[PDB]
Amino acid sequence: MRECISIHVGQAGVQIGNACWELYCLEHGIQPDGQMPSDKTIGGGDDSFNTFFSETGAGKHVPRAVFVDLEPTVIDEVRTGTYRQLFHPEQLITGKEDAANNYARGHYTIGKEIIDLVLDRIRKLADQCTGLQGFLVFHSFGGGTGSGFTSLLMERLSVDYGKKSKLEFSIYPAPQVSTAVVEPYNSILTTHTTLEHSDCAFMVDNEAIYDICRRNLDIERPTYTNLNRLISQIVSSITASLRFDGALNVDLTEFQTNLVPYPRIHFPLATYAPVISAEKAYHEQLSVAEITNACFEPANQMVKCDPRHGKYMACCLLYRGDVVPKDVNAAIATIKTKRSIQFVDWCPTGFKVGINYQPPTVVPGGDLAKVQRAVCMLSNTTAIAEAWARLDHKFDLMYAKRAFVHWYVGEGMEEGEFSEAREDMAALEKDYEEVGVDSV
Amino acid sequence: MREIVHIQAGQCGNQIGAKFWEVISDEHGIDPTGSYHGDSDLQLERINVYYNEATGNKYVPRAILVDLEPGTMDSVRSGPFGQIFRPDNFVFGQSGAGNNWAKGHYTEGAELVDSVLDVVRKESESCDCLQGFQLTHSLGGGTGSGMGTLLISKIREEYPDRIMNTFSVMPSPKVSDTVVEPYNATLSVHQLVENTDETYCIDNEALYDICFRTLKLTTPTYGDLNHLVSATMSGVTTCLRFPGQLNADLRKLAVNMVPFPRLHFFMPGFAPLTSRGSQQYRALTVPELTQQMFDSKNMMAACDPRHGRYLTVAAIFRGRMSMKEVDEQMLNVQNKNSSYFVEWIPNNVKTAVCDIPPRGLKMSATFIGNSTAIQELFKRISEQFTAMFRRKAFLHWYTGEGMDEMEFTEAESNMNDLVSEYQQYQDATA
Ligand SMILES: CC[C@H](C)[C@@H]([C@@H](CC(=O)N1CCC[C@H]1[C@H](OC)[C@@H](C)C(=O)N[C@H](C)[C@@H](O)c1ccccc1)OC)N(C)C(=O)[C@@H](NC(=O)[C@@H](NC)C(C)C)C(C)C
Ligand SMILES: Nc1nc2c(ncn2[C@@H]2O[C@H](COP(=O)(O)OP(=O)(O)OP(=O)(O)O)[C@@H](O)[C@H]2O)c(=O)[nH]1
Ligand SMILES: Nc1nc2c(ncn2[C@@H]2O[C@H](COP(=O)(O)OP(=O)(O)O)[C@@H](O)[C@H]2O)c(=O)[nH]1
Ligand SMILES: [Ca+2]
Ligand SMILES: [Mg+2]
Ligand SMILES: [Mg+2]
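If you're matching them up, the sequences are chains C and B in order.
Numbering-wise (the authors' numbering), the first sequence opens with residue 1 and increments by one.
According to the authors' numbering, the residues represented by the second sequence are 1 to 42, 45 to 360, 369 to 440, in order.
The hints are simulated quantities; they were obtained by calculation from the structure and are not laboratory data.
Every residue gets a Cβ at the ideal spot worked out from N, C-alpha and C, and that includes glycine.
One thing to keep in mind: the hints can contain errors.
With a cut-off of at most 20 Å between alpha-carbon atoms, the simulated SDA-like pairs for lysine to any residue come out as follows [what the hints assert, rightly or not]:
id: 1; chain 1: B; residue 1: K352; chain 2: B; residue 2: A250
id: 2; chain 1: C; residue 1: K164; chain 2: B; residue 2: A250
id: 3; chain 1: C; residue 1: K164; chain 2: B; residue 2: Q96
id: 4; chain 1: B; residue 1: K156; chain 2: B; residue 2: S126
id: 5; chain 1: C; residue 1: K164; chain 2: B; residue 2: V429
Ranges between beta-carbon positions, derived for each pair [claimed, not checked]:
id: 6; chain 1: C; residue 1: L26; chain 2: B; residue 2: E22; range: 52 to 60 Å
id: 7; chain 1: C; residue 1: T41; chain 2: B; residue 2: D31; range: 41 to 49 Å
id: 8; chain 1: C; residue 1: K280; chain 2: B; residue 2: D31; range: 53 to 61 Å
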């Protein structure tokens, strides 16, 4: 019951999936061959970790996950890597030719050749569930597959599963690690196409993560491996309420109720603490009060933007580890005194809090210190729209000269789809302005 | 043998419902296995009001446990008194209601409600002379609030001449950060105004403030809150459960307490206020009980009774005490504060005394007020409702289940009308 199916799309989605599933295995005590000695029910069960793992008669715990990419070389590393036994081969799906950083190839020319096979494999996972809750979809904004195939997939999932919930983890581009000049086009196209199909989307700004790795972990030039280990901790924080239970645990769906006041306003800002190196964490106790305060420091946000220049519509705190109610209540009291957190006039101001007692885990060879307690704040702030404005501006610069547009038109797209997508983004920015205005 | 059928719905409903059954089972000398082991005939004389008899002289609560998710009921079945309940009377789904009144009332709850009514019917058929129903639920969630009021309406259709009584837990931002609770509560109050005979307004705002201010609990828990609720539920059902003259059944209570059909929302109070395991050694005097039971600080609804007027009052004293002193003190409250009792309902305060004290106390007193000050509670909910509704905020969760905005407007209008009707009788002169 309450199963969640994860779908990892394109290089970024797949590589982040690697990092997340490895971390989940460590958190639950699952070996790379999928055995879990602590699990006494063989071949099934309804424990909390079963929302994310099915089981075979032979004791294997198998991710409820599909990996899909339009070329094989990234998923091939999964197929031959450390966790190769973890996945059934049919969960790992590849084509031969990728989308070449072109939304149109991912959604149409190339994506159309594999979409039916992908849905068939998702259906096999869905059939195993006794109460499927929804999907978690991981993908880049910038890549041709991450943008175009994800959009196609989300549209097809709405048809095949109706309003079954679909959440996204979406990688927002940064120039330090970007690989295509047309990423703003792909970003706007996929955000427009997916908007009415997604219930909640957590944007992960690669520049924010890049900065945190440089500044907090003293990593000179972060790699995708550095970025993805940090990202996976944030994803783990957010999915922890689904995978563990405890008296103080609050389900992700309850946070979602508070976080989404209108269907289109569904992009929470995540902020995570503590991000600290072993060297600096040694002989340093980071209290509940300290990690909570860090949630309101924009340096720790997953998306670059300034909530102090915006208004809040909701604030959720997701704690894990050695965290007791009295300390959380005292920390929030302090914050409400010292920080001006301004809410819109039509929302209550109380923070919604969940606590999971299982402490954070780290993967061997990482740069993150292992800590006794951590927190992820999820906030609904008008400031998140800053991220749209930056992308929309880059789109506008190129589109005004129709730069690169012929690559899309040559694959069957029309200029009307570009302008329609950009107009939807203009309307989204206007929606975020409007919810911030005081009531009459 | 005037039977009451008890229903408890949703998380809050089952939590306080289970505590109610623990508390009154102990009072009646019934152990977790259903065996009687008490020392007084007073304990069994009206035991059939709340319990069925089995063979082996087992006593089984006439209780139906309802939820749209299994968690709380699994908790209950694994609690101390889990075995006492009739296993077939556990009626539950798997989907949950996601704190959503529409899911409880219209979609998820609708799929489960016939199963519940089947159990209700089996219990009612077994009754020598059924009085009516009591329901425990919160108004702020989805199952207790939405499915609870759905059940109330369906039961009224099948049993239209029976009394419907609820213990209804009102939401407060002091205790919950779920943003949609004022929507759920307003939709529910609309249902309660129309379909219950008596509703005890159990306010989480008041419960929290008693724990924090008076009991000096710095981090109140639901356990602490529910300790107050189960003390109150024990006190207000005492006249139903033990031999007595006054308010001895649900209908006689309603006729004494409800002068106009919509104004049937009661402010309960209790003295002495205690925390769990405080275990205090000095009994209160009759004057102390009387002063404290009428005090604002002892009310289970966060309303200042000095801001309104009492339409009607029931007071229940428990323990061995002088009935002469009780009468004297009760008269003193009325004669000393006569302006707070409407003058156009003569002798509107009734007093009962029961010899059997609650567990852990030598002396206690329970207050039931029909006060116009209860409008403050509905005003509080209404303000929270309108702050969101003026921007149609969070409505998509409800319209996604098939609801229209018009239904919200009608519920809001009905509750604002209720508020205005209290004010009307507050200002009314003889
Ligand atoms: C004031 C709001 C409730 C009352 C408290 C309470 C919840 C509780 O009691 N909870 C969470 C189920 C577990 C329960 C208690 O453990 C803590 C156990 C011992 C219990 O009282 N169990 C009783 C006996 C049991 O019948 C029971 C009842 C209801 C539900 C589950 C179990 O924990 C302090 N809560 C959420 C809090 O204090 C939380 N703080 C807030 O929500 C604050 N806003 C961020 C405000 C509202 C106080 C902190 C945990 C962050
Ligand atoms: N955080 C993170 N970002 C990545 C990773 N891999 C790629 N990206 C980002 O994703 C965008 C490029 O899209 P990719 O996911 O590589 O492309 P794809 O989805 O495989 O699509 P095609 O290769 O065009 O078929 C750029 O913004 C990259 O910085 C990763 O492992 N981690
Ligand atoms: N006093 C009290 N309030 C509760 C308890 N459990 C939940 N609540 C309150 O009930 C409301 C949420 O409703 P709940 O019963 O949990 O939802 P349901 O399961 O959908 O009916 C909130 O206002 C909570 O503060 C409890 O055990 N005691
Ligand atoms: Ca198992
Ligand atoms: Mg690729
Ligand atoms: Mg609940």
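Taking the hints in turn, this is what the structure says about them:
A threshold of 20 Å between alpha carbons decides the hint, and for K352 of chain B with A250 of chain B the separation of about 12 Å falls inside it, so the pair holds. For the given pair, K164 of chain C sits about 51 Å from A250 of chain B by alpha-carbon distance, which is inconsistent with the 20 Å threshold. Between the alpha carbons of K164 of chain C and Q96 of chain B the distance comes to roughly 16 Å, so the proposed pair stays at or under 20 Å and holds. At most 20 Å may separate the alpha-carbon atoms for a hinted pair to count; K156 of chain B and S126 of chain B meet this at roughly 14 Å.
The suggested pairing of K164 of chain C with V429 of chain B is violated, with an alpha-carbon distance near 40 Å, which exceeds 20 Å. A beta carbon spacing of about 42 Å between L26 of chain C and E22 of chain B contradicts the range 52 to 60 Å that was offered as a hint. Roughly 34 Å separates the CB atoms of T41 of chain C and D31 of chain B, a value that falls outside the hinted 41 to 49 Å. Distance hint check: the CB atoms of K280 of chain C and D31 of chain B are about 59 Å apart, consistent with the given range 53 to 61 Å.
The earlier numbered hints that this structure contradicts are 2, 5, 6 and 7.
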